[PDB]
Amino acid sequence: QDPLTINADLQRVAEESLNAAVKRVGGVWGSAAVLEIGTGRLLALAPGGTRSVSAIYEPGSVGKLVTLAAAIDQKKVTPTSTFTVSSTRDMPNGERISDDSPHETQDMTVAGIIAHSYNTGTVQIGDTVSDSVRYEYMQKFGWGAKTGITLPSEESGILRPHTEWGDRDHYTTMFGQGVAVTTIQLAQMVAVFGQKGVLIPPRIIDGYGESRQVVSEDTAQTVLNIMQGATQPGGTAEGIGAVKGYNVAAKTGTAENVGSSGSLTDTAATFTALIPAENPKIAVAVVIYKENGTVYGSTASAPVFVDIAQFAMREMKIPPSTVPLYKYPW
């Protein structure tokens, strides 16, 4: 009878959690999108406003997944390829890249680099692929284009032609800066990894757009394996992103954004996840936006994911995980 895909109970959980999170953290707004894996169907979209489809922002390190997927799909790296991570790294083009927080220099695998979200590691993964190739992957993941959702006022976001990237953009676009995304694009993008490398355009009406192969089935699986590092000890979402009894694959981000002041005064805290990680049923993207302050993906947005996911697993009658959370050597 009801032609919308929205699950009303899930939608209340989403809106409740997100409002609490925005207030708890002193943000101005937030957004969340839950997609059913394999169908493109929107189980929840908060807030009850377009905002999820019209508000654009730099997503930060949730964008590292596009960079990772490119290098793996291009057979440039494997999950156990080693790179050196350090507080800073000076690059061929003269750019100094810094990790969010200083730490002891060490060698680490790609898997660990992503679990820790180390910028110094990520830029080296991204340098194994050309800019035009990465740009092509970004477009394939749906960035810079409307998702085609039948809702008013959808924004396409901002993906500048790679020919326009300078030395700094070369690297920042590898970790979700120098690009602008909507929440619906984030959810569509992360769903690829739970859908054997296929992007499925999102739908809010059930009925009474073509899907596309973005990466191989193999690339999709290894990225899905890599994302399970997030809640392992040392992962960026350890504790705060755990959903009791279910394997979580996740990525966190935080990025400075432009305030009305015109300066980089705001932050968006992002979280993109797939659960249960062994056989994903839903893809979730959450953003919390703060105007003169910093919010972190893990501390601001992950709890919103956790509330939504805990209910969704009940509502959909999914039994707790019976296989271990995937772990590569780090």
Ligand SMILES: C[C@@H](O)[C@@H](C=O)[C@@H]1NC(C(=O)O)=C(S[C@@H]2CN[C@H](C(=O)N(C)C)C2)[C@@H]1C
Contents of the next structure:
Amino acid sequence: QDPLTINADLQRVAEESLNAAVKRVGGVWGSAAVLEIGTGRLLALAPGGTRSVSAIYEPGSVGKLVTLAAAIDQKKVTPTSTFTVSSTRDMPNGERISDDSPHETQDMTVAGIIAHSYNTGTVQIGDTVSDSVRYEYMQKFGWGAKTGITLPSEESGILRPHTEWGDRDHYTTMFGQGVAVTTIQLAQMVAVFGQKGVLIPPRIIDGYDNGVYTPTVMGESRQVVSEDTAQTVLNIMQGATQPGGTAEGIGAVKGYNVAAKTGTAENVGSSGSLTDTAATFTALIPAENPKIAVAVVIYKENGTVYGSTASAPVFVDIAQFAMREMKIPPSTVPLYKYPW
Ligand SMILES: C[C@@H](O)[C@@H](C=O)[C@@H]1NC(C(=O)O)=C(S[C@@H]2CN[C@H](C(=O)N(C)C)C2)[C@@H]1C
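Form solved without the ligand done, so how does the form solved in complex with the ligand look?
After this comes the whole thing, all chains and molecules, with the earlier chain placed first.
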């Protein structure tokens, strides 16, 4: 009978987790999308209606995965390249970049920089490639374009052409500021790293109706980064739940290796200035062999919510249930760790 991809139990878990989290942190709304790795199949989409495809926001640090993937794919850095991180860094073009949390100046590998989500390390990674090349990766990752899912009212998001970027834009676009995305776009993006560098268009329709039940096909996929890059990003993402990672404890799924990135993104409020926050979380599980990709956002007006405390618990509840329901055996290999 059923022509849609939505898993009804998973959908209930999603909605329940999402509602509870929005209320828990005093948010105004939230969204979550779960994609099946390798197929484009949408297993859950919360809330009901079109929010997950029509609400745009600056995603913050989850956007660092695009910057990182570009620099790795262009063979400009490795996971063990070292950069100095610090509270602030004055850049060649005169911009000051801050980490938004004071901390000791120290040297750290690319892997540690991403696990810790340090902006001062991230902008130096981004500076190893040209803006036109970065911008091209952004497009390939699906930003600035509708995903094509058969739901109404989908937004393309906002990706200004790189030729238009000023000194500040050059940097803010490396960590998900000055760009706007949908939740569905964030899920499509992260799945790439569990799909050998391939992006697969998301679908909600499994197949319609002689009047025969003919299933829908996978849709035109595209190589975004190489298989090696995808695997390296997937390894780096496993740093999130390790000691020192931004998702330590709170993003852990008992028995399963998690690959994730958090975000705490400033957003323009009702009265013009940067008063709002989107807490973002993008993850793949099990990390050694991803079966689902998840993106969660919780949006708050006139306050700060953190990717980790607002949105990670939504992913955890979703992910615990999905693994059991999909009969995925617990991880038998260690969580990946690069030296930091
Ligand atoms: C645009 C960037 O400034 C932020 C990206 O979203 C940083 N990334 C995160 C994050 O949620 O991962 C936090 S806040 C979080 C809460 N404490 C940590 C922190 O303050 N760091 C790592 C600087 C991390 C940054 C502001």
